[PDB]
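Participant: In case you want the letters, here they are:
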Amino acid sequence: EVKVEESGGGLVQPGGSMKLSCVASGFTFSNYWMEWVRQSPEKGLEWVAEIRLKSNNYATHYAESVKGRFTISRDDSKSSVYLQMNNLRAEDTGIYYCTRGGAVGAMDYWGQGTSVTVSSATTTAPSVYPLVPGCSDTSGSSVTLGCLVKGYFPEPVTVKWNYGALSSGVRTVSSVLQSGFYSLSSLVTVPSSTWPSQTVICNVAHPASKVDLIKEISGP
Amino acid sequence: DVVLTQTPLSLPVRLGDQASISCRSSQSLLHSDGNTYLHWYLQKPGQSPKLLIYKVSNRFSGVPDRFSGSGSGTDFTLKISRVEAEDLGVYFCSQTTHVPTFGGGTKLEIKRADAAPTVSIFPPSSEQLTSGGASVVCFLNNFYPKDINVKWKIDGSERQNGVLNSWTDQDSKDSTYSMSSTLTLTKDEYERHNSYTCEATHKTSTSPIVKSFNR
Amino acid sequence: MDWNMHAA
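Chains as they are written, first to last, in the numbering used here: chain R, 1 to 220; chain Z, 1 to 215; chain E, 1 to 8.
A hint or two may mislead.
To be verified - Straight-line alpha carbon distances no greater than 30 Å define the calculated DSBU-like cross-link-like pairs of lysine-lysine that follow:
id, chain 1, residue 1, chain 2, residue 2
1, Z, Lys111, R, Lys210
2, Z, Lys111, Z, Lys187
3, Z, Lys50, R, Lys78
4, R, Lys3, R, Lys210
5, R, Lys3, Z, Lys173
6, R, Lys215, Z, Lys187
7, Z, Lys50, R, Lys19
8, Z, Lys187, R, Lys160
9, R, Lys54, Z, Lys50
10, Z, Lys79, Z, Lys111
11, Z, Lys107, Z, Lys203
12, Z, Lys151, R, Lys3
13, Z, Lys173, Z, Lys79
14, Z, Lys173, R, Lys67
15, Z, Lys151, Z, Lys173
Claimed, not checked - Covered stretches of chain R (chain Z as the covering partner; in silico rule of three or more C-beta atoms under 8 Å from a C-beta of chain Z):
id, stretch
16, 25-31
17, 135-146
18, 163-174
As the list claims (entries may be wrong) - A short, non-exhaustive set of chain R residues, derived as facing chain Z with CB atoms under 7 Å:
id, residue
19, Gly44
20, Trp47
21, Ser185
No lab work stands behind these hints, which were simulated from the structure alone. For every residue, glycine included, the Cβ atom is placed at its ideal position computed from N, Cα and C.
Input sequences plus hints: build the corresponding full structure.
Facilitator: Printed below as a string of structure tokens:
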């Protein structure tokens, strides 16, 4: 059961630095090359850096675009690989994925990625407003509740319900950027006989501000 | 660097039918050792991309034979037979014969029977007023196809400005879409009106699904 | 050079 999880993402001003971390499990870490690949809406997926084995004296290789600014390293004892990013530029914005260089000849296992944003703008934690069934007659799949997330930067924000215990019927629209801020809504549909009886809460996470906003929708 | 061009960009496919995704490289991917390191991946919404096929035609761990890869010179093809709801997502190719590069991806869409949206409307929360704005939200849930129109009427008059329309990714279970139309007015602008109505017009009917409330 | 463990 191979597992790969990255972290350290966030917002950084141009010319700043930040170090990304990746921890793996489910395999002998030291026997594999590790890679960092990034994804941006303008270049798609792009290989960034690679680090090989101890027997290779931990040889590293970098994409020409990050040469001299990024440094990849690993700590086999902690099954982790790192990416030190310096002299960051707007073009470095993207989702950074940590991947295992597989024995089959392809990067075989990937993490979910950690987002990095290089911008002159500043971080702004999201404001969250309740979306409450607005006094009406029951004519639309028991009851649909939600949370409106606005005024945040950078992206992303992830939204869970009841800490992730409520996943069925969850609908989260993509974020949209306007007036310098992102916004989105997440809604969930549940049986009308279970609300308010059963607590419904949305968990809004915003990595850039290191926050998790927990809010319980009630039916006033 | 090797350029991998994938086509189509978007690929609508009926359940049970076959989908063919192509990947064309700017140079031969045949390594001197006789192997061709061309691979295929699937990335579902928010999930980590997963390896499907490695070295042109080998299926990776847990991958069914429904997924098949082939190649001829600089052209490679991924074929997904008996497509199922859970197959939605972005498929992309990559090569590791030369410095690693990736294709732009192909978004596989599941073509299902048309479905009319369920509409819900939400007045702004008093909690948002001190921000200076007030957002009225109209949620259209579980419909297909994706295209749909939302008309807002304030006190009977159509209002087009101040509206943001955004969709969810296709649902992996029922293959439907959902979307929200958010009308954001200034706090005072919102208070200068009573009736807020949203009208959703979808392919499924010539008559709009209407929802509204009075402040 | 080689860019994957299999070729390596």
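Participant: Now look at each hint and say whether the structure bears it out.
Facilitator: Structure-based check of all given hints:
no., hint, verdict
1, Z:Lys111 - R:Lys210, "violated, 39 Å"
2, Z:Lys111 - Z:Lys187, "violated, 42 Å"
3, Z:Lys50 - R:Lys78, "holds, 24 Å"
4, R:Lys3 - R:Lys210, "holds, 23 Å"
5, R:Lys3 - Z:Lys173, "holds, 25 Å"
6, R:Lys215 - Z:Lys187, "holds, 23 Å"
7, Z:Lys50 - R:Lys19, "holds, 25 Å"
8, Z:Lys187 - R:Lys160, "holds, 29 Å"
9, R:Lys54 - Z:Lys50, "holds, 27 Å"
10, Z:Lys79 - Z:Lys111, "holds, 17 Å"
11, Z:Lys107 - Z:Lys203, "holds, 22 Å"
12, Z:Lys151 - R:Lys3, "violated, 46 Å"
13, Z:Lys173 - Z:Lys79, "holds, 21 Å"
14, Z:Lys173 - R:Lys67, "violated, 44 Å"
15, Z:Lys151 - Z:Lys173, "holds, 29 Å"
16, 25-31, "violated (count 0)"
17, 135-146, "holds (count 6)"
18, 163-174, "holds (count 4)"
19, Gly44, "holds, 5 Å"
20, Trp47, "holds, 4 Å"
21, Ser185, "holds, 5 Å"
Hint check: violations occur at hints 1, 2, 12, 14 and 16; the rest are consistent with the structure.
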